[PDB]
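With chain A's structure known, arrange chain C on it following the hints.
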Amino acid sequence: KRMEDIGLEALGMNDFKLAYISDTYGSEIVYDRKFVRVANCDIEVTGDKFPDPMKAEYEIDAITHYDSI
Amino acid sequence: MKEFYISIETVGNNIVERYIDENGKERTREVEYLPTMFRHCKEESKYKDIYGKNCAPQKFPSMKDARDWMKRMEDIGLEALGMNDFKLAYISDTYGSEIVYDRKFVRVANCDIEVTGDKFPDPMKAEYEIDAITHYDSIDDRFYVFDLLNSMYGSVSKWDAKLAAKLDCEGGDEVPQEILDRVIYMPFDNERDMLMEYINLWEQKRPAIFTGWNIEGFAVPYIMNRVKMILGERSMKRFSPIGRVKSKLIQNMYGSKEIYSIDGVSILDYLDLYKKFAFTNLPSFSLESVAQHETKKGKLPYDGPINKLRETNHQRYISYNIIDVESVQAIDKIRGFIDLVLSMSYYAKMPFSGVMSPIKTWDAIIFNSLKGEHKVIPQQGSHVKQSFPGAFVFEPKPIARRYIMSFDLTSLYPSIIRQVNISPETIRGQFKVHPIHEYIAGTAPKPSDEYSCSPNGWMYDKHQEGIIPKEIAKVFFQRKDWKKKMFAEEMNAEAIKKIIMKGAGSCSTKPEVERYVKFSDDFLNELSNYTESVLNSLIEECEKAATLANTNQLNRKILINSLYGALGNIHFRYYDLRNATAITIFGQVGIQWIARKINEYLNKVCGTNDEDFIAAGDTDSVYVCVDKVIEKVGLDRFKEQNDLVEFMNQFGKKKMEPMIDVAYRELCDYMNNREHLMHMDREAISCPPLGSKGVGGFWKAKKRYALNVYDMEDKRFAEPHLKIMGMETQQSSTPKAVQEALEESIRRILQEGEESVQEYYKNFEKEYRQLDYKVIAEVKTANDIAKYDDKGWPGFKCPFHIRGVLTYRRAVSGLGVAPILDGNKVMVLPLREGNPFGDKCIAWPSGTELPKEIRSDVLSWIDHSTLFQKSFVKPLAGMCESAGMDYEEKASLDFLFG
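Chains as they are written, first to last, in the deposited numbering: chain A, 71 to 139; chain C, 1 to 898.
Pulled out of the complex, with its shape left as it was, chain A reads as follows:
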């Protein structure tokens, strides 16, 4: 905000998340999908009439959370 009040380019990455990953690892990163926890979920509500996703008016009955690890 200081340098954007005198109009000087603020060079350098401005998304700290990207910067953190680069400095934390640097070298090419070797991974393993086996140890990452993906979740597959589908639900079916007890709805006589199909409701809105954010307007909830019918009771949830389906529990599903498949895991990878």
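Every clue listed holds true.
Cut-off 27 Å, straight-line C-alpha distance, at most; resulting in silico cross-link-like pairs (BS3-like, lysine-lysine): (1) A/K71 x C/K71; (2) C/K654 x C/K723; (3) C/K246 x A/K71.
Quick caveat, the hints were computed from the structure, so don't treat them as lab data.
Below, chain C alone, put in the same frame as chain A:
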């Protein structure tokens, strides 16, 4: 002299202000401000807000500290008091008292740029080469014209001022020598050199205002874009003192305007400085048209397309720019806008650029007024938009109305707010509502006898004057005072020039010239005791005083007129739905109430009952037929138009005040309002010419009519000037020749009578075919050249014009002519069935005649009958139908029936 600012901006926690010193020199300073917010305090304090609740000041070390404090305190659910935008606050504290300014020291630049390219140069793409810049400056009163000798399109020669002075007969550009004398020309071989020199010139004399025609259209948006694309983004930022320049697109409107906001220079587009403060509706707002309408100067006719004018006659091009820039300055001298932007900015104690938006202006004025009285303004509460009722337009029964008396009340909304005290802190409560019909005729019981109100069903105190009422009263009083000072100077100058014509020979001496005040007889004699040169000098001083007084008067007019456009806005901090509807529907009630009262009075005076005389009014105006009264009087008493207008005006005086005064007075007490303010004056009248069977004045629909105006606002006319509005005479769809023909037909309908319309019809039909086809061609804009059509052929529903556009485009495949560019002067001509093109209409840009291969084909296949039917027959027929007049002979036997 006293200090005055010219541009105030914010950088970090500092305020950068450019100010003129005591010696007339410009300097820049940076001040670390100390904002003073206000917050509710339980204990007694002197800073009582408008509501009455006590308030105490909190000062901060940094602006950002107050910025954080606002949100930090708001998130707990309490209301902050004071300003949120500290520029107005800084200006208010720095100057406080009235600000004295001399327009001379404020450098008002001016610039118009001409670029040449194959297609229309796109301000945003910025592909072409800027080859004429022509910067203007006020302090140096010199036109710095930059010329690009060598260009990618073509390398031209130099420019001769002497030749430019010479007339076209000799071969010159007939440019006034005075402009040529004040032109500092410089040429450049390449582009970077010229653009860097323009940067340097903009750096040496940083203007305070940067006007010019369409500056925020093809000038700033291009100059900035080009330097960014050819000299890099860093050098482009040299255009501002703060070094901060920004661009925001406005796709909200169809036009993609990449408007810029150079900080330090107040970019004020003269086009939008004119459409707002002129109140004059020219058919087109291009520079040449408006210059001709205002300055009366006529542009020199030119040859060929504009993009080629550089290579054919470059000596014509540069002079074409030198006159183009100065046309704006001449329009300025005639209208004096830059002496109004400055005046309003300094009277409102705000930055220049804020003059455009009325909410900022009114916010600034309201803050300063309460500040001195030790008060603190609320904070802008968030609301949502509503479509509250619009203007109530009366019912037009499109029958000929003979003569009518058109009158409306002056300054509706300020008067309403003055008389109902509609203010955020004067709202008491809601009283039980009744249908609008109930109050509109008084059938409903009296709303109350305690507080004033509106048809909105609310309550408003009488013994407590609001903020808006007091402030509108202050502006009204200032307007009246400044107008009176202007007329005082007027009679002063008149007496001075009469003394001059009497003669005055003496020594030379200028005494103390008191301004804006009429001179005494002794002072007049003393001034007569000087030379003629001193008399002319005092006349010039009086002219300067008159300019200042006129600027103040028009400033007040502009302020008051743009008030209701703020209190009805959700971002004006004093916004309420209840108030924004109360003003509107009280206006509605007022207009319908006076409608009912005038109907009653006319019925009583004429004896008959259930007669409607008001026609086609708006929420301001009523146009009474006032015909039957003259019939009762007897038209045989009159022998000339002027006598009829005299009885007209005398009856208007006898009718308006004694009737409408009481017809608003009973409404006032009925509404228990503060004071009666609404008054009306006979703005215009339309007498049909005496002894002729012309209908006088008719209507077609809502807000469409014709009026044989004879006396507009006490300004008598020797000959009448018809007041058209809405019909095809103004829209660009009808060709100019047909527009003039339609106006002539309208005058003949209103003034002469039946036979004249038909004989003019026959004459126009006679001369319609023989004339040139361009002046009857319906020239329109090509918008969607490819959206509708599938492949050349008009695939989906095709607009009348697009079908002709594609017809001509497919007709000239390989003919060696430039195809249509969108927005060109493409004229649509319907063609007789069976034309070799393969359609019903053809549209090509104007100026390119039909090739001999197809010229005879189109001439033999032309269908003037259809063209004539839609261009003149239809418009005239509808007007004649709404005028009770048959524009074609009907071949009746009524001559033989008796």
